Every structure is written in structure tokens, then in C-alpha cells.
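Now for the letters of each chain:
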Amino acid sequence: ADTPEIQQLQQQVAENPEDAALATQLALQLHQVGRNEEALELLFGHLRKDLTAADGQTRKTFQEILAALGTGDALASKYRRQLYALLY
Amino acid sequence: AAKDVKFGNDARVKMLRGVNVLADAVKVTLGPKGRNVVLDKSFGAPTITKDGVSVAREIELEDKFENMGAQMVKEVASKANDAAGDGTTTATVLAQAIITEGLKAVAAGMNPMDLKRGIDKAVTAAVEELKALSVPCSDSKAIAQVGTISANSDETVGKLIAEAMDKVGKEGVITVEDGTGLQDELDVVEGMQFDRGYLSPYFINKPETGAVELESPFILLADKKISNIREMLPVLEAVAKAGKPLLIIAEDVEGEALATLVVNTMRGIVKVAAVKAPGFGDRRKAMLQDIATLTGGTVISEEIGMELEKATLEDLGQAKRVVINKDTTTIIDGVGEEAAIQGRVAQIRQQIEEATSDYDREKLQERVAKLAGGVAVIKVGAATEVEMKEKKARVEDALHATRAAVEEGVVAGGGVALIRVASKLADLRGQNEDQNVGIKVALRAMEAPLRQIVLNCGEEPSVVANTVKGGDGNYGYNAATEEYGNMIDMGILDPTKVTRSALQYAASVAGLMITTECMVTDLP
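Residue numbers (our numbering), protein chains in the order written: chain A, 11 to 98; chain B, 153 to 676.
What the hints contain is simulated information worked out from the structure, not anything from laboratory work.
Just so you know, even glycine gets a beta-carbon here, dropped at the ideal spot from N, CA and C.
You may find that some hints are simply not true.
Selected chain A positions facing chain B (in silico; Cβ < 8 Å) [said to hold, decoys possible]:
#, residue
1, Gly44
2, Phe54
3, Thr81
4, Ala95
5, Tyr98
Computed list of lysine-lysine pairs in BS3-like fashion (alpha-carbon distance at most 27 Å, straight line) [what the hints assert, rightly or not]:
#, chain 1, residue 1, chain 2, residue 2
6, B, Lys541, B, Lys193
7, B, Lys437, A, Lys88
8, B, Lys185, B, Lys472
9, A, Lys88, B, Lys462
10, B, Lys377, A, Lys70
11, A, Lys88, B, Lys478
12, B, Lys437, A, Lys59
13, B, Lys621, A, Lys88
14, B, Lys256, B, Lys226
15, A, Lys88, B, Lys377
16, A, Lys88, B, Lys376
17, B, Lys202, A, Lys70
18, B, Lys376, A, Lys70
19, B, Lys393, A, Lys88
20, A, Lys70, B, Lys185
21, B, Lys226, B, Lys478
22, B, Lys515, B, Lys396
23, B, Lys541, A, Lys88
24, A, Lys59, B, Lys515
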């Protein structure tokens, strides 16, 4: 799951930690290899700063990943709850 | 279906007859020397009682018009009892006293609207006086004395109430339930209370108090509008196992699902009650979130992408006890962790600091107080259960009385406060002749309760009333011993709120009934 693409995206995020779209891309790639804890943690960290991060793409991606993990997933459940508390 | 109509004088006499029957039935039980009333039942021995409420609940006459009159005075009178906690009989007596005089005056040719205006003016002046005459009751010792007096001379209940109220504070919530045997305990747990009643009757399972109580039930949060019971089946079945009741808080439930739940809970299988969420707007969602944090359940909101088939048994909330009155709801001792509560408090605290308007700041102050406050529980034990249940009833009554008292203060009771007020207002005048007549009618009707109380004890009313007017201050008459003196020292007193409420509500209904013109009803 330590793919070269994820490695280069990780280096780029480390160089520009405030870039929400870059982190969103890295989170999508992390999710696509099953590294969902890291991806959701990154996306939520960006959402806590700004709900409209990456012009709303950060949220979308986030929610989409949750939808991909299904309702039976404990990690998603948790985040789901947090998300609501953050949003409203 | 064919109707029947009656105009004017012909209608008024009938309505008068109906109110007369209701008043005569209720008013003998007034005071400390009250007589008895015998109520029949279908099965077994009759019932003998000395209480106004139970007698009033039963009466309904034969002829249609008179029954309408009685029902109309009855509905108004009940609200004072619901609002303050005492005084149905007093309201009924005052209503009769005003209506009789008013109708006699109207038959002699004066205008009705003038009488209406006069009566309202007199009532407002009297309320001003009544606030002026009162005396405060704020310190703990006075709290204890008031509680003791209201509970028929038992220091134990009074001091217990006082110490608990000190424990939680004057704004807190106090609840009473059974204990484990002949020792008193009091404790603090995590709780909640808000203003929403049950969505429908027939949820009652304990008729004595007209309330619903459930122990260790399940709780379901709904941020949507539900009218079709179809999507409720999976969660209902998952709750059907393990034999636990269920509580549904949503925005509203209409029609099919409502009736189906009514039938299901009324035929035994399954236990469910449902109510609306507090408030409206986005704050409604915020309060749902807060309750969720407290209970550790799941909020089901469509916008984020939930649906009803989507929930499992883990998602629901679970707690110690729930109580539902007619218009108040209380949650006792859920499961939440301290960490989540503390973080919730921190977030709402900073949002307070972030506020840009006084309105939102005050609302958020409400929310933090409600959450990070608390609840208190009282457990009483008495060794031979019968005494235990009796004591529990007395404690509940004392609690209501003390709350009402600390709200607004107390005044010399037993019926003298009203006569003192009405004696201080001999000067009041109006615009023309008719308003003067109206004022006189209200003032002369304010004397009824004391005349009745004296009449039951086999004395002569007019002499006692005259002597009580003669003096000043709190100097009054004690029915239990036949003595004059300072009514505040002999331990007879009442909260201000009940007297004010009785006066206003009686005046309202009498005003409406003076100026009616037509009546329309069914055919025999």
C-alpha cells in the first residue's frame, strides 16, 4: 500500500501542508489502497479548519469515502458522527 | 342533521341554570370543615370523598343547553389548577358570583360592553394591590418553614427539600422515587428536561397521575417527517427482541403510523411512545445533536444520507429512566462519557465568545446551563410499604408548593387577602354610569370565599366579614380554632401565584359569558 504515487503525493503535501486539494488527492489515493484511517484523518483535519476546503471537494471526497466504506464499518461510523457534529 | 337555535334571554336563563348546578355541587368542600360527597361506581361499593377535582370531573347534565353552560365554565376553571397547582374550587365560586350579579344587571337595561370594561379595570387594579401587599421568602430557613407547613407539620420532609434545593440550586430539577428501606438518600446524576408533551392520549399506563413512565428503554432520534409506518419495521422488530420499550423523538408523526402505533401499544405487544423535538429552525437540529451526545445514540438525518432501513441495534440510545407528563418530558441518567460532555461544553462555550448579537449569546447561555447543570434524585424509605407510598405522595405535594412559593412570594391565606385588597379600593371610578356599576359588581363579588368558609363552620357570615374589614394589615380569622389574630404567625398562608391566577381566569370567563347572543346545537 506504500505506492510510489502515494509517496510523491505525501512529499508534496509535506511541502505544502495548507494545500487542501493536494491533501484531498492524497487522501483519495490512500483510500484506494485501504489506508482509510490516514485518509479520513487528513480530510477531517482540513474540514475542521474550513468546511469549504478545496472549493468543497474536500467534503465531497470525504463523504464519498464514507459512502464507500459502508454502514457496517466502525471507522466510518465514528467519523460520520463527528462530521455531523462539525457540520451543524 | 337538523339543528336548533335560541336567541337572547331564552338562552341566558338556561346557561345560568347549568352553572348553578355545577357550583352547588362543588362548593361544599371548601375549607377545613368540609362535608362529604358520595360518588357512585358501576362495580362494588360507592366512593366517599372530600376533594373538589374528583367531584368536578364527573358532572354532566341531561338537557343540552345547560350542559353546554357547565362545560364552558369547567374548561376555563381547570387551567388555573394546571398552571399553579391549586385553586379550582375558588375559581368556580368566583365565576358563579360574578355571573349572577352581571346577568341581573343586564336584564335591567344597561349596555353589556360597558359592564365588561368595568370588570376588567377593577381586576387590574386589584392585581396591582396584591403584588404590593406580599412579603418575600428567599432564605433557606423560610424555605424549610414553608415546606413544613405545607406538608402538615413534619420537619423531615421540609428539611430534606431545603437541603436538596441547596444542593442543586433554585433553578434545578428535582425528582422523587422509591428507595430501599427506612433511610433517606439524595444524589446527582446526568439528566435532561424539555417542553414537549405526548403526541396523543392512550399512552397512559398509570392513570392516577395521567403520566407515562418507562424504565431502561430505547431511544430513537429522527430528523425527518414520518407518516408511513412501513419504514419503521426493521427497528421495531430489532426492539421486539430483548423486551425493551421504545421512545421516538422526531419533528412530527401523522396519520397511518400514529394510529398503528396507538393500536399496537394498546394491545400490549411492544411498548412505544413518541414526541416532537424541542424548538424549531437549525436550533432544533442542534438540540437533537446535544441529546444524542448525552445518550450516546445516533442521529438519523436524510441530508447526510441516512435512511430508516439503514439503522442497527447499536445506533439506538439507551438510558436509565424516562417520564412523560402532559406537557413536560424528563430523561434520567443515560450512559455518556465525561470527555464528550466536556468537549461539547468547550465548543459551545467558545461559540458564546464568538457571538455577534445579544440574542444568540443569551440562547447559547441557556444551552450551556441546561447541559452542564445536572439533576437530583430523592429516595425515601419507610418500613411497612403503606407508609412509604403515603409519604411519597406527601413529599410530591410539598415540592410543588415550595417551588410555587419561591417563585413570587406568599400572603395571608384562608381567604382574607382578597377581602383586604377589595377593601383598599373604595375610590375607583370610571367614565360613565355603567362602568361604575361594573366596578361595584366585581368588588362585591370578591368576598365569596370567606363567607362560604365561615358558613360551613355554623357561624353568622356578615358579622365575621364586618369585623375582618374593620382592622388592618394581616389581622384575620382562623377557622380551625375560632380566634382572631396575626394570620402569618398561626401558620396559614398561600403562594401569591394561585390567588392571582384564580382571579384572572374567573374574570375572563365571566366576561365572555355576559355578552353572548345566540346558541346553536343539536336536536333531541
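Original post:
Looking back at the hints listed earlier, which ones does the structure fail to meet?
Top reply: Checked against the structure, the hints that fail are numbers 1, 2, 8, 11, 13, 17, 20, 22, 23, while the rest are satisfied.
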